[PDB]
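The next block holds one structure in the form of structure tokens; read it before the comments.
Missing here is one protein chain; the remaining ones are kept as they sit in the complex.
Chains here go by letter, A, B and C, matching the order in which they are written, and residues are numbered from 1 within each.
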Amino acid sequence: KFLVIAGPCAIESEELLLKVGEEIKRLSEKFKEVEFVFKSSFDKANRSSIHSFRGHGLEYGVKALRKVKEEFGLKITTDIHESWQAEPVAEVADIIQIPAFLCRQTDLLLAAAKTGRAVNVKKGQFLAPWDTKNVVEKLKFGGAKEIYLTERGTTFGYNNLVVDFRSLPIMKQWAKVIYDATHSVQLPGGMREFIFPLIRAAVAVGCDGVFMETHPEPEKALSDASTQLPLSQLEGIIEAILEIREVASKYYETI
Amino acid sequence: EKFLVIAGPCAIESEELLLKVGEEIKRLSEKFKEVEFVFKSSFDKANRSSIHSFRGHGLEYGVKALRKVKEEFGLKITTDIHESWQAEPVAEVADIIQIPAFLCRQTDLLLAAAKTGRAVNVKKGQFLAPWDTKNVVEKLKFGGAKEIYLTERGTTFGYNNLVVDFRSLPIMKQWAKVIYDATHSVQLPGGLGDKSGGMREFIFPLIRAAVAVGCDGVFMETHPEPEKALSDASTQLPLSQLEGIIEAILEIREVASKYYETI
Amino acid sequence: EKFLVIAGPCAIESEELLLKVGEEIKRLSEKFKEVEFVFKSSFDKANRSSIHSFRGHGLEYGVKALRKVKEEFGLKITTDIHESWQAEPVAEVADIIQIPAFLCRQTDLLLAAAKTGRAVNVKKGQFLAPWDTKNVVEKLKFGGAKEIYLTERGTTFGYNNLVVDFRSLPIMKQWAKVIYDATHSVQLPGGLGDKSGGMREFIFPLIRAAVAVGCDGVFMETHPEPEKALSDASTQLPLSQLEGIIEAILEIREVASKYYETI
Partner (left out) sequence: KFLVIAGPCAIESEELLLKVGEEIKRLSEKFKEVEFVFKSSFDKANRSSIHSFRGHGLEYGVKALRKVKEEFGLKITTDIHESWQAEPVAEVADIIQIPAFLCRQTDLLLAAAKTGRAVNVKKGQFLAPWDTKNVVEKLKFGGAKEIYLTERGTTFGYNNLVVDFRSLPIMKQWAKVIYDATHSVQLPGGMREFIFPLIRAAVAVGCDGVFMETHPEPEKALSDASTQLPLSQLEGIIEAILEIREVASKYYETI
């Protein structure tokens, strides 16, 4: 099944998670061809400013994600930032996410693999696609069996990322590949207008799933306000990329 | 709103080569009636890396060969110019005058093309940001051009590598029709020392991306036997694969098209 | 305004290695009295490309080895931390706590270093623009740091390549002391597949550039026999060359210094 990872960037409140979780549950009922995984971060551990929102702590967030899993029967993903966090987070998380800046941190990867959960590694902005083979090898060494690599843009001069779609077939040689539709068009340190066009590209090229952050009111979000998708637009984008995938998939190269 | 397919061998290796590729593009033009085919081939590779590499058989031979394609098959023609004086003789045969990527900022070349009354297609320089094509279009409009295309062909990405930033397609659509160059976009410039290299395995996935994003046409070079080609041997599409790739293009365009944003 | 030279072997391969390099840095510290020497070595290569590559002998062994250098030679010490819990034990020996390039945005790591009361040196991430180091310094100041350095170590430039943008030196000088990393700046990340490569021939020319532009110090890894090193074998400076390079540094700094702009 095609994967759709979606949810609000940050756990702003248990209330927010439930509102977004209600809609992702509704769509999971509508789209049985899709495996939905609910995402939200319990900590924004890498914000540019000391004064920006980080979150309500690991305990609160794991609590809130457990409420979503309980209330809606959705799989869960969240990211970890230091090795000690893997074990408590694996209590709720079906997929443990490794942040882009941290994709070379051997102990973090090994900690995630040890839990027995699937692991999804954000490809660092500094990494070449062929450099991800070694990432997967660390995770396999550590006992991971279900491994994803997520395309989320590459450093392109200052304060800009570019998506090199050659990465999708290259990374597919050693893991399942996810396209991150919302961070790929952020300007580190137009953005929203490119989210839909580039996700159409991703599915035309061929990937195993899409990652998209979504918020009932992105203008009021406490992180990535400029690129979270309005919740109301999520259904239309999911239908679109299923249609495009249905047609394009005839042509996906055997890797 | 017929989709454009610009296709042909990179260089005019001979009139015979042209007529062989021409016969296949004519055949495809009769099948894919919803496409506007334009036959491309360069009378001069004016910018090769090496003094030792094939350039061509001269402007007169090239125009004569292109004219034989138009006459025999009724195909529209495009070829590229390198200095202002070439615009007039080339306009005698070319429906679309192409402006090379390195020359996209040369005012006199742009004006020379524009005053011919022919359509003009500018290759976006590897050094240009997509928003800086607005002034390129302005120069052409100033010079009298009424039908203008901008072609995406990759951007300098460190040394001997190009990346395609697909954000460029909706940005450039604000002020011209947009073409995606499927075969130069995956070349590795200078990558072979005295020539450039390239990665044929990425041509098709990236053309699928281009039409899913949305463009007004594609550009793709094709040769009966690319490995024997005298230029871009690493990226030209085998002629036998052209049909299947055009069919895939059209299928993906159709299913994506309801989602194309109004620009 | 003593110039800083941070130097030592990339990784703590053994206590014996450290003491061998230490004896030479001590000797140079007695010659170049106008320099503040700081001995560097990593107790863990926490970010190697390959699971098969050398990481080290553990935090306890490493701190003990660094302490033996400080005790035997009276040298200041720096080493890098990878997770917040390491700041406290490391601060027991380290005069300067180093923040790795990939971790330069990790708030908790920065705060952990800052509350120790030690100086903090942050490697500028390969993904960061020079002006985005202002917020890094702000986090450190917020956390209690009073002595802060920013180290230039190259920027991602296409795949498997770094470039040094020397504009970064005057930009970063606006809000911290600036160090130039002469040996990681010429590495080719991942360039050897399962390891990174590098170009030793460019270390010296680029260090000459750094001091002509103006910086507050340099960072350079050195090994008696780099080709046998367990990490960065391609970029570590042979120990025998360290003296001549420091002398050249100081000479070029002196003649350039009247021209350094007030920031």
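Quick note on the criterion: contacts are C-beta pairs under 8 Å (C-beta built on N, C-alpha and C of every residue); 3 or more make two chains touch, one makes a residue touch a chain.
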{"item": "Touch partners, limited to displayed chains, of the chain removed from view", "value": "A, B, C"}
{"item": "Omitted-chain contact residue, chosen from B:60, B:92 or B:132", "value": "B:132"}
{"item": "Touch with the omitted chain, as defined above, among B:19, B:28, B:46 or B:250", "value": "B:46"}
{"item": "Positions on subunit B contacted by the hidden chain, ascending", "value": "46-51, 55, 82-85, 102-103, 105-108, 125-129, 131-132, 135, 138-139, 142, 155-156, 159-160, 189-190, 194"}
{"item": "Absent-chain interface as seen on subunit A, which is shown", "value": "156-158, 160"}
{"item": "Residue numbers in subunit C that touch the chain omitted from display", "value": "155, 157, 163-167, 169-171, 186, 199, 201-202, 204-206, 208-214, 248, 251-252, 254-256, 258-259, 261"}
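Here is the rule we go by: only the chains that are shown with their structure count from here on.
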{"item": "Most centrally placed chain - per-chain CA mean versus overall CA mean", "value": "A"}
{"item": "Between subunit C and subunit B, distance of the C-alpha-averaged centres to the nearest whole Å", "value": "48"}
{"item": "Intercentroid distance (Cα basis), subunit C paired with subunit A, Å", "value": "33"}
{"item": "Multi-partner residues of subunit C (each touching 2 or more other chains)", "value": "159"}
